[PDB]
Structures are given as C-alpha cells and as structure tokens.
Amino acid sequence: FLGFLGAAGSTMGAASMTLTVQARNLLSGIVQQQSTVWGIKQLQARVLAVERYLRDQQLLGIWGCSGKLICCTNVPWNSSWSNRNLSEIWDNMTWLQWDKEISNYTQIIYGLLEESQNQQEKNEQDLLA
Amino acid sequence: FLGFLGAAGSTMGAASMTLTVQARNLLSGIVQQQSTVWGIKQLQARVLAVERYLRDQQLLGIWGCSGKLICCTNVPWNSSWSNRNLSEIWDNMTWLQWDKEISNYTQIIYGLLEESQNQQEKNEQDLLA
Amino acid sequence: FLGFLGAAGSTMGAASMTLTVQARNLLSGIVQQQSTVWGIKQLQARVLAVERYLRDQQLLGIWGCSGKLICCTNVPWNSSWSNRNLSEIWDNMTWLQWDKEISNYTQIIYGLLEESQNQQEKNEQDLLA
Amino acid sequence: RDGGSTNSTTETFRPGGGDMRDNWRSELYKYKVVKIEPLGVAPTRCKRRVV
Amino acid sequence: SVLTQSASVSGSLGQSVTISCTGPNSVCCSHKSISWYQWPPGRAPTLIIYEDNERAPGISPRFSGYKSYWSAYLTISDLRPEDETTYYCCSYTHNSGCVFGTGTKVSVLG
Amino acid sequence: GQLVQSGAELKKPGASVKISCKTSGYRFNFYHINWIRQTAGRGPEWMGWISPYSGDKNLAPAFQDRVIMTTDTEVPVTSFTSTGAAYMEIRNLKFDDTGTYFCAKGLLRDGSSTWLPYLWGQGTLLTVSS
Ligand SMILES: *[C@@H]1O[C@H](CO)[C@@H](O[C@@H]2O[C@H](CO)[C@@H](O[C@@H]3O[C@H](CO[C@H]4O[C@H](CO[C@H]5O[C@H](CO)[C@@H](O)[C@H](O)[C@@H]5O)[C@@H](O)[C@H](O[C@H]5O[C@H](CO)[C@@H](O)[C@H](O)[C@@H]5O)[C@@H]4O)[C@@H](O)[C@H](O[C@H]4O[C@H](CO)[C@@H](O)[C@H](O)[C@@H]4O)[C@@H]3O)[C@H](O)[C@H]2NC(C)=O)[C@H](O)[C@H]1NC(C)=O
Ligand SMILES: *[C@@H]1O[C@H](CO)[C@@H](O[C@@H]2O[C@H](CO)[C@@H](O[C@@H]3O[C@H](CO[C@H]4O[C@H](CO[C@H]5O[C@H](CO)[C@@H](O)[C@H](O)[C@@H]5O)[C@@H](O)[C@H](O[C@H]5O[C@H](CO)[C@@H](O)[C@H](O)[C@@H]5O)[C@@H]4O)[C@@H](O)[C@H](O[C@H]4O[C@H](CO)[C@@H](O)[C@H](O)[C@@H]4O)[C@@H]3O)[C@H](O)[C@H]2NC(C)=O)[C@H](O)[C@H]1NC(C)=O
Ligand SMILES: *[C@@H]1O[C@H](CO)[C@@H](O[C@@H]2O[C@H](CO)[C@@H](O[C@@H]3O[C@H](CO[C@H]4O[C@H](CO[C@H]5O[C@H](CO)[C@@H](O)[C@H](O)[C@@H]5O)[C@@H](O)[C@H](O[C@H]5O[C@H](CO)[C@@H](O)[C@H](O)[C@@H]5O)[C@@H]4O)[C@@H](O)[C@H](O[C@H]4O[C@H](CO)[C@@H](O)[C@H](O)[C@@H]4O)[C@@H]3O)[C@H](O)[C@H]2NC(C)=O)[C@H](O)[C@H]1NC(C)=O
Ligand SMILES: *[C@@H]1O[C@H](CO)[C@@H](O)[C@H](O)[C@H]1NC(C)=O
Ligand SMILES: *[C@@H]1O[C@H](CO)[C@@H](O)[C@H](O)[C@H]1NC(C)=O
Ligand SMILES: *[C@@H]1O[C@H](CO)[C@@H](O)[C@H](O)[C@H]1NC(C)=O
Ligand SMILES: *[C@@H]1O[C@H](CO)[C@@H](O)[C@H](O)[C@H]1NC(C)=O
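So the sequences go chain by chain: B, B', B'', G, I and F. A prime marks a further copy of an entry chain.
All letters in the first sequence, in the order written, are residues 519 to 553, 569 to 662 by PDB author numbering.
All letters in the second sequence, in the order written, are residues 519 to 553, 569 to 662 by PDB author numbering.
All letters in the third sequence, in the order written, are residues 519 to 553, 569 to 662 by PDB author numbering.
When we follow PDB author numbering, the leftmost residue of the fourth sequence carries the number 456, and every step to the right adds one.
All letters in the fifth sequence, in the order written, are residues 2 to 9, 11 to 27, 27A to 27C, 28 to 95, 95A, 96 to 106, 106A, 107 by PDB author numbering.
All letters in the sixth sequence, in the order written, are residues 2 to 52, 52A, 53 to 72, 72A to 72H, 73 to 82, 82A to 82C, 83 to 100, 100A to 100F, 101 to 113 by PDB author numbering.
Bear in mind the hints are in silico, worked out from the structure with no lab data behind them.
The beta-carbon is built from N, C-alpha and C at its ideal position, and this holds for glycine as well.
Please note that the accuracy of each hint is not assured.
[Said to hold, decoys possible] Under 10 Å between C-beta atoms, here's a sample of chain B' residues computed to sit facing chain B'': (1) 581; (2) 584; (3) 588; (4) 591; (5) 595; (6) 598; (7) 648; (8) 650; (9) 651; (10) 654; (11) 658.
[Stated by the list, open to error] List time: in silico PhoX-like cross-link candidates among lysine-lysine, alpha-carbon distance up to 25 Å: (12) B''/574 to B/574; (13) G/485 to B''/574; (14) G/502 to B'/655; (15) I/31 to F/57.
[Claimed, not checked] Using C-beta positions, here's what the derived DEER-type ranges look like: (16) B'/610 to G/489: 36 to 44 Å; (17) G/485 to B'/544: 41 to 49 Å; (18) B''/548 to G/485: 20 to 28 Å; (19) G/461 to F/72: 36 to 44 Å; (20) B''/548 to B'/634: 28 to 36 Å.
Same shape as in the complex, but just chain B:
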C-alpha cells in the first residue's frame, strides 16, 4: 500500500485497483477548540469538504451508482471522445493525463449516464405483469 494519491503517477489500472485509499482519505474531521478569524476559517472549510463530497455522491446516485467506487453503464463509448484502444489507455496513461484528454467531453458523458439510468428505471416501472 502506497497511501493517499500514491498511485497518481501509476498506470490507470494500477491506480484503479487502489482507488479506495484515495476515496476514503477524502473526508477528515479535525475536532476543535475554538470555543475569531481562525474560527471563521475552520468553519468555512468544514462546509466545503462535505459539500464537494455530497456533490460527487449526488452525481454518483443520479447515474445509478450510489454504492460508490466501481459501476458500469449502458452508454457506449463514442469513438470521438478518444481513439485509443484498451491496452493503451489502461497501461500507458495515468488518470491525470486521461482526465486532461477527456475533459472536453466529460459533461456529455455525464448526461448520457443520467439518461441511460432514467430509461432503465422507466423500464423497471414497466417491468411488472
């Protein structure tokens, strides 16, 4: 085990096997004794952390993945996003340059995910006799 962000320079698969370390060490909780400028700061920072966490959890849930970590979808990979095969992506690039290469088309992928999940749920509603 390498620690938080330890696999930042690793291959995307090597980092993917240990995403849970980074995901867990994302939320802290650093007690207090503020009972002041410093207090205003500590209170403001407190909110932003769980705020980003809950935004990400909201996104995970509105994609059919409220259970976090690893999930699959019904959305096909449109070749226009990236033209690299599987070996190249998972054993030649790290997650950083990957998100750099796909940041152009991230929100479109997010929309495709939400819509595929909504159609799956409509099918579930249809799915009884």
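Based on these hints, arrange chains B', B'', G, I and F with the ligands on the given structure of chain B.
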C-alpha cells in the same frame, strides 16, 4: 426538455418522466469571495440546502431507496388515502394538487414504508441455510 | 415501541429488531430565528451532526452497504476478536458491553470489510464475457 | 468545613459561595452529554451473495 | 424420579462413553429440552449442556449431547481422569423447573 | 461473577430457617435466581426461581406453601455488574429436608432457557435434628 420545475403544471406522469431535471438542479455550489452580514447569510444558506437534501436522502435510505429517483415498496395503497383510479391520478392531476390531497396521510405512508423495508431486511437475515 | 435508545439495556437481538428508531431519530432540523454567541453555537452544532452522519454513511458505502441498516459481508469472524458463541452474544449481552468488548478490534474489522468489498467489485469488473 | 482539628471531637460548618460554577453544578447534577456511535459490528452466520 | 438414567458407566482413557436419559412421554423427549450437568457429590454443579446439544460457554468439544424421540444422550469423547465423576440430565421446558434424572457415575479406568 | 450464600444453620424439626444469597460480579437485576436442593435420600430437587427485576416467582408444587423467596433491589457497582441479595425461607422443617441448598444465576437474558441455573453459589447446609 423544459427545465427546472418546467413540468409543474403538467400531468403527474408527464412530470414523472422528467423528475431527474428537478432532482439534479436541486443542489448548487456558488463559490465565494467573502474573504460581514452578507458572509453570515451565505454561510447560513449553504448549510440549509444540503441539510434538506440529506434529510431527504435519509428518508430515501430508511425506505430501501438510497439509490434515489424511482423505487417500489411492499406497502398496499389503502383506499382511505385517495379513492381515485390510476388514469385519473396520472393523467388528470399535477403533483402539486396531489401532494395537497395526500398531505393528510403522508407520514403514515412513510411509516408503512420504513416498517415494510425493515421486515424485508429481517427476512434477508433469515434467508440463509 | 419504546423510543429513541429505548432498547439500550435490551439484549442485542431485541435492540437489533428496532435499530431503525435510533437510526432515524439521529438527524433533527430545529429551524431558526437567529436573524450572537447563541447563533455561533447553533451554526457550529448544525455542522457536526450531519458531519458524523456523513462519516458513518461514508463508512457504510465503502463497505458495500450504502443502503444502510443491515448488511452482510464476506469477512469471516476471526475467533481472536471474541470467543463467545451466537446464543451468548445475541441473548446475554447488550450492544454497549459488546462494543466495549470489540473496540480493541473494530478498525481491523472495518479494513477487512472494505477490502472484501473492493475484491468483490474487481470480480464484478471481471464478470463479463 | 474548617481546618481539621482534633479528629471526631467537633465539626464546624461555615457557609460560602466562593464560585458561581457550583450553582451550575447544583442544577446540572442530573444531566450528562454523550455522542451516539451508531456503528456496531457483530457476528452472524451470514455471507453476502457470491459474485 | 420418572426420568431414568443408566445407574453406572465406565470408560477407558482416551475413549468415549455415553450416558442415557429416558422416561415416560410426559417427561421425554420430543418438544422437551434436556440439559446436562457435571455434579460431583458434595459440591455445586457445572453446566455442560443446554438446549439438548448446545454446550455451555467454555465447555470442551469432547462433550456432546443428542436427543432422539425415545431418549436423550450425553457423549464424552477422549476420556480424561477429570471426567470420572457423577453426571445428571435434566428435563425442562420453560415454565417448569428442572426435573433431574436418576444419575450416572462415570469411572475412568486405565 | 460470584454468588455467596449464607453459611450453615441447625434447626429443629417444625422450625423455620432463612438462607441468604448475596451476589456480585454481574447485573443482579437481569438473571433469574433459582433455588435448588440436594438431599441424600431423594437426590437433586429443583425448588423454584424468582426474578430480581420483576419480582415474578415460579415455585415447584411441592414447595409452593412453605417456601418464601424474596430479593432485594440491586446495588450498582459499575454499570455492567452489581451486588444483590436473595433470600429463601423454608418452614415446617422435617428430617427429609436436611441437605444442601443452592441459589443459582440464570443462563441467558432471552431465549429458550432464560432461568436455567448457570452460575451456582457455594451452597448452604441445612440440618434438621433434635
Ligand atoms: C513508475 O514508473 C516506472 C516506469 O514506468 C514503473 O516501472 C514499470 O513498472 C511496470 C509495472 O509496474 C513494469 O512492467 C512489469 O515489469 C516487471 C519487471 O520486469 C522483470 O524483468 C527484468 C528482466 O529480468 C531478466 O534479467 C535479470 C537480470 O537483470 C534476470 O535475473 C532475470 O531472470 C531475467 O532474465 C528484471 O530485471 C526486473 O527486475 C527489476 O524489478 C524487480 C521487481 O520486479 C526488482 O527486484 C529488480 O531489482 C529490478 O529492479 C523484473 O524482474 C515484470 O515482472 C512485469 O511482467 C509481469 O507482470 C505483468 C503485470 O504487471 C503481467 O501482465 C506479466 O504477464 C508478467 O507476469 C511487467 O512487465 C515495467 O517494466 C517498469 N518499468 C518501465 C515501464 O520502464 C513503476 O512501476 C512506476 N511506479 C509507480 C508507483 O507508479
Ligand atoms: C398544459 O395544459 C394543456 C391543457 O391541459 C396541455 O395540453 C394537453 O396536452 C395533452 C398531452 O400533452 C393532450 O393530449 C394529447 O393530445 C394530442 C394532440 O391532439 C391532436 O389532435 C388534434 C385534432 O386533429 C384533427 O384535426 C386536425 C385539424 O385541426 C387534422 O389536421 C388532424 O388530421 C385531425 O383530424 C390536433 O388539432 C392537435 O393539434 C394540436 O397539437 C399539435 C401537436 O400535437 C400542434 O402541432 C397543432 O398546431 C395543435 O396545436 C393534435 O395533433 C394527441 O396527439 C395525444 O394522443 C396521443 O398521445 C397520447 C399520449 O399523450 C397517447 O396515449 C395516444 O394514444 C396518442 O398516441 C393526446 O391525446 C391534450 O389534447 C392537450 N389539451 C388539452 C388537455 O386541452 C399541455 O400539454 C400542458 N403543458 C404543460 C407543459 O404542462
Ligand atoms: C430488562 O431486563 C429484564 C431482565 O433481564 C428483561 O426481562 C427478561 O426478558 C426476557 C425476554 O424479554 C425474558 O425471557 C422470556 O421470558 C418470558 C416470560 O416468562 C413467562 O413465564 C413465567 C412463568 O409462568 C409460569 O407461572 C405462572 C404463574 O406465575 C403461570 O400462570 C404460567 O402458566 C406458568 O406456569 C411467567 O411468570 C412470566 O410472566 C411475567 O411476564 C409476563 C409477560 O410475559 C407478565 O404478564 C407477568 O405479569 C410476569 O411479569 C412469563 O409469562 C417468556 O415468555 C419467553 O419465552 C418465549 O419467548 C422467547 C423469545 O423471547 C422464545 O424463544 C420462547 O420459545 C418462548 O416462546 C422468554 O423466556 C426473561 O424471562 C425476562 N427476565 C429475566 C431475564 O430475568 C426485560 O425484558 C428487559 N427489558 C428491556 C426493555 O431491556
Ligand atoms: C459521437 O460523436 C460525434 C461527434 O461528436 C457525434 O456527431 C455523434 O452523434 C456521436 N454519437 C454517435 C456517433 O453515436
Ligand atoms: C386503512 O385506513 C383506515 C382508515 O384510516 C384504517 O381504519 C385501516 O386500518 C387502514 N388499513 C386497512 C384497511 O388495511
Ligand atoms: C486472527 O487473529 C490472530 C490474532 O490477532 C491473527 O494472528 C490471525 O492472522 C488472524 N486471522 C486468521 C487466524 O485467519
Ligand atoms: C463457540 O464457543 C467455543 C468455546 O465455548 C469456541 O471454541 C468455538 O470456537 C465457538 N464457536 C463455534 C463452536 O462455532
């Protein structure tokens, strides 16, 4: 696509097909440069939003629906809540007058949901040989 | 029904059948009219509640149990944690003395849970032809 | 109490109100603050569905 | 009483031995719990077996209980010197106190 | 936990005697307290049990009219243990009542054998003679 609350006057089914727009646009995140009365306000409002969101997510989870959006239960629809058939409800009323008609019995339905889910989980615990 | 923490002195099973009362009454929401020392206090307390709740929900999700309440794992009960059989544990001790007896080994159990769930998800990723 | 004299002979009591906190203890004597740890791990004969 | 045990039994070191416990249908066996106790004469007993089969905390796996439709049994495997004493079975349900058997004295030879 | 019974008493036939059973090392209020006797002529005989929590008693028919079982209220020690005391008074003693009497703590807080005597005291010897 009509936008946030766009189907407020639509039939309950027409709005039900696009609940995800309203559900997604429920959480914001409006950065800052407060580094004051205005700051106290912005900080206080920040909390209340995700607070209501987490109360609703708590309710969703304690009903067996932490995955959000659309889910079904084992609770039968007691006719005393509303006497309208399916066509009338889903193609004659909007969600607003619906929640007005059922607000009398909302909490009872919530209790039935939580208890049915708890019994399902007890059955799951029983469910191994 | 006994109420919040009503089964604190009950057997672990008697309390286990009604964990949902304690779990639900864990999150409040006590409005406001602070529009002051009292306001600083009420704002600070507001954060800590949902903060602990979200830490617990984070733990639940990183164990494969974001649906809350009752879930099972692939982790075997190592006898070194406690040597008591099933009858003794579920019908002779309460949850308080239980958590006292197992507090020595809680974090190890949590790590075993997270790792078993991660391996299950890796298997899921492998699980298509 | 006073300062300890010859033991068990006589005991003398004078009233004081040295601090204000004792009044809070006088009305907070029955209360106590605890935090809920809603996370319990326990052994059952249950395993999750195999992948 | 009406719950009869084998009056005496003996077993060799490292072997096993079985004690019986039977009586009328009013006391035995189906729908009635059986417990086993090690009860040296002149001393307080020790619970070995409860709920027919389920052994008391800390009891060695050498001890086992088994209840059929006509009789109940207590099996001691890998006999030791300390197993040489007196043993009792009890018939009980929930609202009725213990009903003890006639008793069995175990002797460990060799 | 430890169960400590009263020592020993000598009583003439027709008299009464009261045996005590002081408890410690466990929550006295939670486990039933049973009273069981042992005589040379009739063997082991279960007499009855009493709940320190509710006061509910269950006496064997042979002792329902001459045995009185009582309990005190538990004296807390920490939170998971306490000290307590139960008493059994047996009257109209006869020669066949001579023997050893035991109080015993139950097995489980819930289940199919809650009252089942699990933790036993050292016993109190009662002699009936002239
Ligand atoms: C940071 O970046 C660097 C650089 O990108 C990256 O290093 C790369 O890591 C990847 C995987 O993590 C490597 O790919 C693997 O390479 C493994 C090692 O190759 C073995 O073979 C070498 C040749 O051995 C011959 O010669 C020696 C004498 O020299 C002789 O004794 C032998 O018998 C044999 O004839 C050998 O020298 C080499 O030894 C180095 O490494 C070992 C530890 O493994 C160490 O003990 C030595 O001291 C020496 O430093 C090594 O033994 C190879 O095993 C592996 O192939 C298996 O695994 C893959 C899965 O990964 C399977 O699919 C496959 O089927 C095999 O089972 C794989 O090829 C890559 O070579 C590294 N280097 C690069 C790319 O330049 C770091 O990991 C990055 N770190 C982080 C944290 O990001
Ligand atoms: C706000 O509230 C209003 C009012 O409540 C609401 O409007 C209602 O919307 C619902 C559904 O959204 C409507 O119900 C549907 O009606 C559809 C339209 O009816 C068609 O038929 C009309 C008659 O056509 C004849 O005559 C013409 C000449 O006039 C001729 O050429 C034809 O060949 C034919 O002979 C026609 O005039 C009408 O045209 C209007 O609408 C079209 C767009 O559809 C537009 O282009 C025109 O300019 C004109 O404005 C229309 O073509 C009907 O198709 C539909 O039936 C199908 O769908 C349902 C599922 O919805 C299926 O179950 C069914 O099997 C069919 O496949 C359905 O009946 C209702 O009529 C509206 N009006 C009311 C209730 O008064 C808005 O939607 C609300 N908006 C929001 C945002 O809340
Ligand atoms: C706080 O702690 C206390 C102490 O630990 C705890 O009390 C224990 O609770 C557990 C379970 O909650 C009890 O275990 C159960 O006991 C049930 C009651 O036993 C029945 O039998 C008694 C004997 O009856 C005979 O005698 C009477 C005359 O006296 C005669 O009429 C009868 O016909 C019969 O011959 C009886 O006296 C007793 O009555 C008491 O309780 C009833 C309510 O039940 C009340 O009406 C009376 O006034 C009196 O107070 C009672 O009827 C028993 O039913 C049960 O067995 C069933 O359930 C289990 C599952 O629990 C099944 O597995 C099993 O197969 C049976 O179906 C079980 O044995 C235990 O006895 C209590 N006492 C202890 C441990 O000392 C509290 O619950 C705790 N409370 C909290 C909130 O934590
Ligand atoms: C894929 O992307 C291209 C270009 O962005 C777009 O035209 C097309 O509609 C997308 N979907 C496909 C090809 O299914
Ligand atoms: C339905 O509601 C009525 C009235 O509120 C109530 O009496 C009844 O118990 C409920 N449940 C049924 C009918 O199953
Ligand atoms: C169980 O615990 C012991 C002691 O903590 C440890 O040595 C062992 O590796 C653990 N796992 C087992 C026995 O599978
Ligand atoms: C039950 O308890 C015994 C000792 O009382 C222990 O050796 C055993 O591991 C426990 N678990 C079982 C038998 O599954």
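Evaluation of the provided hints:
1. The beta carbon of residue 581 of chain B' comes within 9 Å of a beta carbon in chain B'', closer than 10 Å, and the hint placing it at the interface holds.
2. At about 6 Å, the closest approach between the beta carbon of residue 584 of chain B' and any beta carbon in chain B'' falls short of 10 Å, and the interface hint on this residue holds.
3. A least Cβ separation of about 6 Å between residue 588 of chain B' and chain B'' falls short of the 10 Å threshold, and the interface hint therefore holds.
4. The closest approach between the C-beta of residue 591 of chain B' and any C-beta of chain B'' is roughly 6 Å, which is under the 10 Å cut-off, so the hint is satisfied.
5. Of the supplied interface hints, the one on residue 595 of chain B' holds, with its beta-carbon coming within about 6 Å of a beta-carbon of chain B'', less than 10 Å.
6. The interface hint given for residue 598 of chain B' holds, since its Cβ lies 8 Å from the closest Cβ of chain B'', which is under the 10 Å cut-off.
7. Checking residue 648 of chain B' against chain B'' by beta carbon gives a least distance of about 8 Å; that is within 10 Å, so the hint holds.
8. Among the interface hints, the one on residue 650 of chain B' holds; its C-beta lies about 8 Å from the nearest C-beta in chain B'', closer than the 10 Å criterion.
9. At about 5 Å, the closest approach between the beta carbon of residue 651 of chain B' and any beta carbon in chain B'' falls short of 10 Å, and the interface hint on this residue holds.
10. Of the supplied interface hints, the one on residue 654 of chain B' holds, with its beta-carbon coming within about 4 Å of a beta-carbon of chain B'', less than 10 Å.
11. For residue 658 of chain B', the suggested interface contact is upheld, since its CB lies about 6 Å from the closest CB of chain B'', less than 10 Å.
12. Between the alpha carbons of residue 574 of chain B'' and residue 574 of chain B the distance comes to roughly 15 Å, so the proposed pair stays at or under 25 Å and holds.
13. Restraint check: the Cα-Cα separation between residue 485 of chain G and residue 574 of chain B'' comes to about 23 Å, which is no more than 25 Å; the hinted pair holds.
14. Restraint check for residue 502 of chain G and residue 655 of chain B': satisfied, since their Cα atoms lie roughly 14 Å apart, inside the 25 Å limit.
15. Taken as a hint, the residue 31 of chain I and residue 57 of chain F pair is honoured in the structure, with Cα atoms around 22 Å apart against an allowance of 25 Å.
16. Judged by the Cβ atoms, the range 36 to 44 Å given for residue 610 of chain B' and residue 489 of chain G holds: they are separated by roughly 41 Å.
17. For residue 485 of chain G and residue 544 of chain B', the hinted distance range of 41 to 49 Å is satisfied, since their beta carbons lie about 43 Å from each other.
18. Between residue 548 of chain B'' and residue 485 of chain G the beta carbons are some 23 Å apart, a value that agrees with the proposed interval 20 to 28 Å.
19. The hinted range of 36 to 44 Å is satisfied by residue 461 of chain G and residue 72 of chain F, whose Cβ atoms lie roughly 39 Å apart.
20. Against the hinted window of 28 to 36 Å, the Cβ-Cβ separation of residue 548 of chain B'' and residue 634 of chain B' comes to about 29 Å, which satisfies the hint.
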